[PDB]
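Shown here is one chain on its own, the form deposited in one PDB entry, set out as structure tokens.
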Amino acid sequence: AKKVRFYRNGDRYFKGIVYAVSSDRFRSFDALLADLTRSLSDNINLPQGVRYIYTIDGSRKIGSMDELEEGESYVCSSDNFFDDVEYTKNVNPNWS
């Protein structure tokens, strides 16, 4: 199975969560967005859960699991617009 990292729109501090994505573990794209809503929404992020998935630079939206690329990052959003913030990842070798 394919691993990809998901971020939440406009959150500069949250470092993403890695998902193993396959048909075995998500029977539909909307089952994936429901799971991303649970793992990514909180009191301050995603007021309507995950409804849109963008590429890391917000150039386009992802509409199916097959568009998801192994090892890339994606930004989950409640909104039909991309927040062009500095998304971040760890550099400390003790943690990655």
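Residue numbers count along the first chain shown, from 1. We call the rigid core the largest set of C-alpha positions that still match within 1.5 Å between the two forms. Compared with the form deposited in another entry:
After superposition on the rigid core, displacement of the C-alpha of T37 between these two forms stays below 2 Å. Superposed on the core, the two forms barely differ at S22: its CA moves less than 2 Å between these two forms.
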Second form
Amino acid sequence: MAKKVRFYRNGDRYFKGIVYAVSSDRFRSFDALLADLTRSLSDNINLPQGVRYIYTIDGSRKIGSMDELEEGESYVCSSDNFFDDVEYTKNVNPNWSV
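With the form deposited in one PDB entry already on screen, would you show the form deposited in another entry?
We keep it simple here and write out only the one chain, dropping partners and molecules.
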């Protein structure tokens, strides 16, 4: 079963998040998910090196596998090891998944 999650772009206060359905049957590896997020989140300023790392919404945890993603949660995609502490979910409907 795919997990429905919401991805945001490191450092971008104006992006409202992209909803993904994530499972190993569609993404053959974690690298394939990273590649597809590089495609959809394409932004030369905030993602200069594409999507190389995924963090929880608050930056507390680095996600290393699709198994670590959880239904209904939000995550931040980054080109590097620096998580930019901005209010990603400001003014986004907390019930976007309802």
